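Given as structure tokens, the chain that follows is alone and in the form solved without the ligand.
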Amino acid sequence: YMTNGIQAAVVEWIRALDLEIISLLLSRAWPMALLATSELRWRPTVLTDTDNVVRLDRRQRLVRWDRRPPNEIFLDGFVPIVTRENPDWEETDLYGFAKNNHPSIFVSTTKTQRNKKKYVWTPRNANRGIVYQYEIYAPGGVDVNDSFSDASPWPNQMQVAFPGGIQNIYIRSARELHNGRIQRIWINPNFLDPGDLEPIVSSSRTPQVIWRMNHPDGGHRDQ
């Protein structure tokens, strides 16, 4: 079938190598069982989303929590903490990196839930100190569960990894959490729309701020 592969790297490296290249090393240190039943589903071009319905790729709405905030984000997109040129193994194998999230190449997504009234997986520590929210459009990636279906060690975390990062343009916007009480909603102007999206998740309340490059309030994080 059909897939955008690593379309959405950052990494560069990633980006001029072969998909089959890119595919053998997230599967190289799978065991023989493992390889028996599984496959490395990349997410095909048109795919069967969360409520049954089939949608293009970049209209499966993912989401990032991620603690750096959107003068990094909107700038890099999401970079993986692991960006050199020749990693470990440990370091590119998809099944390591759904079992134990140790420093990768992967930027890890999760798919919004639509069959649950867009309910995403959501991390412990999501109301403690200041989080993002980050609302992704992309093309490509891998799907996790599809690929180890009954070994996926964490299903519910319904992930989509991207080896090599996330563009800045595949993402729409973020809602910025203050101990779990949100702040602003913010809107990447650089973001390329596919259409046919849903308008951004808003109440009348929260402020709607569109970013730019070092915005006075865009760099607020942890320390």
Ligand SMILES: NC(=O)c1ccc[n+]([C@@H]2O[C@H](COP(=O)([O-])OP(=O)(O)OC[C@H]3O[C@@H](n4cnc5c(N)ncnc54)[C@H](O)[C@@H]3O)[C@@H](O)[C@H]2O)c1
Given for the second form:
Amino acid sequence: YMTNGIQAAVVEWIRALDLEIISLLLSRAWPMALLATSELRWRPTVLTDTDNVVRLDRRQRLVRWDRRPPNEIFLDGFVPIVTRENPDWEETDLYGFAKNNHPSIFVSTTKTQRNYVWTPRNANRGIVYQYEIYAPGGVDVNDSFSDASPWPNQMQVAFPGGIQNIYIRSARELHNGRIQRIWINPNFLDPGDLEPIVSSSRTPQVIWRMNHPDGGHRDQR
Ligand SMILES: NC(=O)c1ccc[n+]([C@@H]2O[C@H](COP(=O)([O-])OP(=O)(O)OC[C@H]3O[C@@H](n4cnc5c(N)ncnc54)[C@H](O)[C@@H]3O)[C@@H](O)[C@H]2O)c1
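Can you switch from the form solved without the ligand and show the form solved in complex with the ligand instead?
Complete assembly follows, chain above in first position.
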């Protein structure tokens, strides 16, 4: 199969590396029992989506729940927690990231259940943003581990080296589980043929700019 791999990554050293080397970093720390059963499966260029419709990888609607507001995310994209050129093996391991979610090179997203999406534990408390992502490549976590996948309901697509801001279309600003705004990313590279952004008439759609006055709402640290 063909795959775009790490094309969406923001970290330059992960961008520049070969697919075999990134695959090595992701799989090397897997137990021998897991390596016997599992293989590292990247999202293919052509895939079967959650409604059994065959789509391009860029047209699969992914989402990321994140506490950080558009003034950072639309500006920087999704930069992973570990960006350094010589990370520890713990920080590059897909299985440990999928299982425990310790600091790593990966950015977590989830597939839109075309039928709804997986919701985190405290999504209905505080200020949370559901970012809409249309990106190439990424690692399919369920296809990689199969029944050994620790949290299969998450439907996780992990991105080693992050996600560029050009692949983020929009963001739903929720205050205590209630939508306030729908942010529109002006720098979104539109691949064409996408559905309109999911919206009721009551929710205002706001075109984002750098340092937007309403664009930095967040929880207290
Ligand atoms: N994020 C999602 O929408 C999503 C998708 C699928 C599965 N999950 C699962 O949910 C659980 C929680 O994971 P998560 O993705 O929310 O954890 P995370 O560590 O990626 O991020 C939690 C919080 O850390 C902060 N943060 C993230 N990246 C940062 C950075 N580079 N610099 C500074 N602060 C940063 C943000 O406030 C974010 O809300 C895990 O089990 C994960 O597998 C989450």
